[PDB]
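Asker: The residues making up each chain are set out below.
Number of protein chains: 2
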Amino acid sequence: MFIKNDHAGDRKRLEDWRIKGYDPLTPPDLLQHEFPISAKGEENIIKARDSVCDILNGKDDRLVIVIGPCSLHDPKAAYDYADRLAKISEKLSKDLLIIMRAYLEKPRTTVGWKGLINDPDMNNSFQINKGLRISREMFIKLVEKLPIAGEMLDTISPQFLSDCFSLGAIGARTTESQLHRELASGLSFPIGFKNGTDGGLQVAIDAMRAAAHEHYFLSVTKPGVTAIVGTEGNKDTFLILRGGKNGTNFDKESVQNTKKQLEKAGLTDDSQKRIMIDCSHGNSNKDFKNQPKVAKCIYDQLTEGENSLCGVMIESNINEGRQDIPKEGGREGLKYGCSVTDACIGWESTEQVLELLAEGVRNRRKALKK
Amino acid sequence: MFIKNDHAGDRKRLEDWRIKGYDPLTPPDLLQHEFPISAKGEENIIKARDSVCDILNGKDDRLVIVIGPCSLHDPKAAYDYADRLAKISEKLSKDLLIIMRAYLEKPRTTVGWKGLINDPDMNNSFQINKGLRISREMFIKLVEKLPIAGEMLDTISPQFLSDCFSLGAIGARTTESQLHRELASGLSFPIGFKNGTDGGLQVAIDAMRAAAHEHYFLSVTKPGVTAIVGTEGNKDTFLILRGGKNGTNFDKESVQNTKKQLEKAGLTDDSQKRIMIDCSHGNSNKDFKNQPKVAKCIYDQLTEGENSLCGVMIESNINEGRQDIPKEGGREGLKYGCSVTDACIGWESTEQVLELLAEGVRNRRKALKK
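First to last, the protein sequences are chains A and B. Heads up, the first sequence is in my numbering, so the first residue is 1 and it goes up one at a time. Heads up, the second sequence is in my numbering, so the first residue is 1 and it goes up one at a time.
No lab work stands behind these hints: they were computed from the structure. Only true hints are included.
Copies of one chain are not kept apart here, so a pair can be met inside one copy or by any two copies together.
Taking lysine to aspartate or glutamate and the EDC-like style, the derived pairs with C-alpha atoms no more than 20 Å apart in a straight line are:
| no. | residue 1 | residue 2 |
| --- | --- | --- |
| 1 | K252 | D300 |
| 2 | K20 | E214 |
| 3 | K366 | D61 |
| 4 | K286 | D324 |
| 5 | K76 | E144 |
The whole structure should be built from the sequences, with the hints applied where relevant.
Answerer: Quick look at the structure:
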């Protein structure tokens with residue numbers, strides 16, 4: 001702490017006796033001035049957002065693919081993965097609309113590395129200020145290469161990193177939080193809510209419904225100070241089928257149920273597409289090798305003409321599997337292109353699945369006579 | 001809106017085209033100045049906190065009863081009720097500690113009054129600065145009458161009102177939120193989380209495990225600027241049973257099952273008491289009539305000497321049931337002392353209930369020969 005609470009632990013102060021101190025923080029202004037976005041990255045982002053919103057509204061028959069490392073921990077690897085992916089995306093420019101999984105943390109119940117933002121040297125130093133710096137810079141570099149997608153959590157943290165997202169996602173732990181639903185209703189891109197830890201759809205229905213309305217809440221402004229914010233709202237929201245405590249909900253029947261309750265909520269019609277399926281995480285029962293297989297199911301629903309499906313989430317890294325960051329050595333003790341956060345499928349798995357989906361969208365074209 | 005995004009709609013800019021613009025805000029330093037907490041309120045607040053920290057470590061053999069409106073919405077009415085409860089609160093004082101349920105906003109997914117802070121004019125005018133004024137004014141009056149407790153909904157707001165809380169809960173929906181755990185660890189009083197909307201008990205155990213720890217995050221400081229905060233961690237933590245979509249857990253079995261899971265967690269031992277019961281919300285199935293009978297169940301388990309219990313929650317009001325705030329009417333014409341959120345028990349029932357539980361505490365005393 002730069003400022004230190006000299007009175008920590010005294011239980012005769014009304015407040016703050018549990019507070020160690022404070023460290024200076026950088027307002028989003030200064031960073032947004034320091035790390036601006038190039039017009040090319042700007043253009044990437046905007047046209048990306050719109051096209052997504054097109055696919056949502058029934059306007060485009062393409063399919064959205066949010067794929068990438070579950071968390072990002074090493075930048076050079078991010079440029080490698082982004083250029084390799086911009087290659088294959090170049091190849092599929094007319095079918096998939098692929099967007100990268102730029103995630104800077106895995107939220108956890110158990111102690112660990114707290115994400116790229118919190119622990120920048122990965123040794124629990126917590127000079128988060130740097131974390132942000134380098135982390136935002138990586139985006140002013142990536143957005144020139146391809147569109148990226150973050151997951152929301154710290155109402156405060158996006159202020160620094162929202163202008164780079166062309167889409168966002170919301171986690172199960174946080175999907176019931178009216179905080180976050182407000183936050184989406186402010187955000188400047190489409191947002192996908194993950195269905196509850198037990199599987200529940202209702203939480204995600206409720207989040208979309210919430211996020212569409214206009215909201216007022218306390219938030220943090222670009223000059224690092226507090227004000228009251230008004231959100232026009234965000235109607236271009238969707239649902240991400242995910243969890244396993246109740247089991248896997250990727251099965252076709254599950255998708256139909258999602259659709260029946262979505263038209264039971266006025267949240268979709270036959271012409272709009274609001275369903276994203278997330279394989280990594282809950283449906284894979286926590287094994288990377290299970291990721292390819294579900295792909296099999298989604299493709300198949302496309303082949304029969306499933307038009308509700310808007311997009312698909314994929315856990316993916318240059319090298320497959322996962323690894324434990326060493327007690328000692330930090331980032332230098334990690335294998336190159338290998339996920340710290342979740343087990344990913346290897347680049348090879350990833351390209352074979354992409355060819356499969358490129359074809360599935362074509363077959364949906366042929367059976368619908370589209 | 002004071003400031004107005006003049007670009008709200010041009011989905012052509014990097015960011016902020018879903019933000020209406022913002023409204024100025026009284027910083028917490030200032031609101032901690034305009035309304036200070038008199039020395040008597042200071043005394044009540046801290047004596048209560050230490051009392052609850054005793055009950056939590058088994059040093060006290062009395063019972064924490066958090067009782068009050070589902071939502072506090074009429075400050076005259078609240079003063080009247082805090083009067084009454086404080087009067088009988090020392091009637092039973094030897095028996096248990098009575099903390100009043102000072103909540104400001106009831107979490108939802110639907111349209112309606114977003115609490116006293118967001119819309120305290122009750123007209124969807126949203127004059128939030130005043131909301132805060134009013135509300136802190138309220139608080140500093142109430143801590144002179146009896147200590148209080150509130151529901152931590154968001155993490156900017158308690159900068160304005162924390163020092164009136166002797167004690168706080170984390171709403172069922174936000175328990176899984178990393179954010180509310182990090183916030184929890186700094187607060188200078190006891191926190192008890194509510195179990196997940198399924199009824200699941202792992203969320204709350206994990207939250208207790210996290211909040212014990214020391215965390216560093218981004219938070220708002222008393223002057224009104226964001227900063228990096230380190231917390232000591234709050235070890236003064238517990239669990240609240242409240243119900244779910246499944247498993248209403250107000251029974252002897254369910255409590256013992258829970259105690260066993262907390263023991264398996266290394267959070268408590270047979271001397272400590274880490275379990276609080278909510279008798280509204282799920283357990284009551286939105287039926288105020290079923291609250292007293294749940295008191296009865298409790299009273300029975302205390303007659304049996306159940307020593308892991310630290311408290312009970314209770315949504316009580318001057319007049320029972322609830323009433324519908326007319327959306328096309330004002331708060332001008334509304335029944336006095338009738339909670340406008342979840343259905344409450346009457347004043348007479350409240351006398352009754354409280355007497356009955358006092359008896360229960362006496363009975364547990366005799367069971368272990370204390």
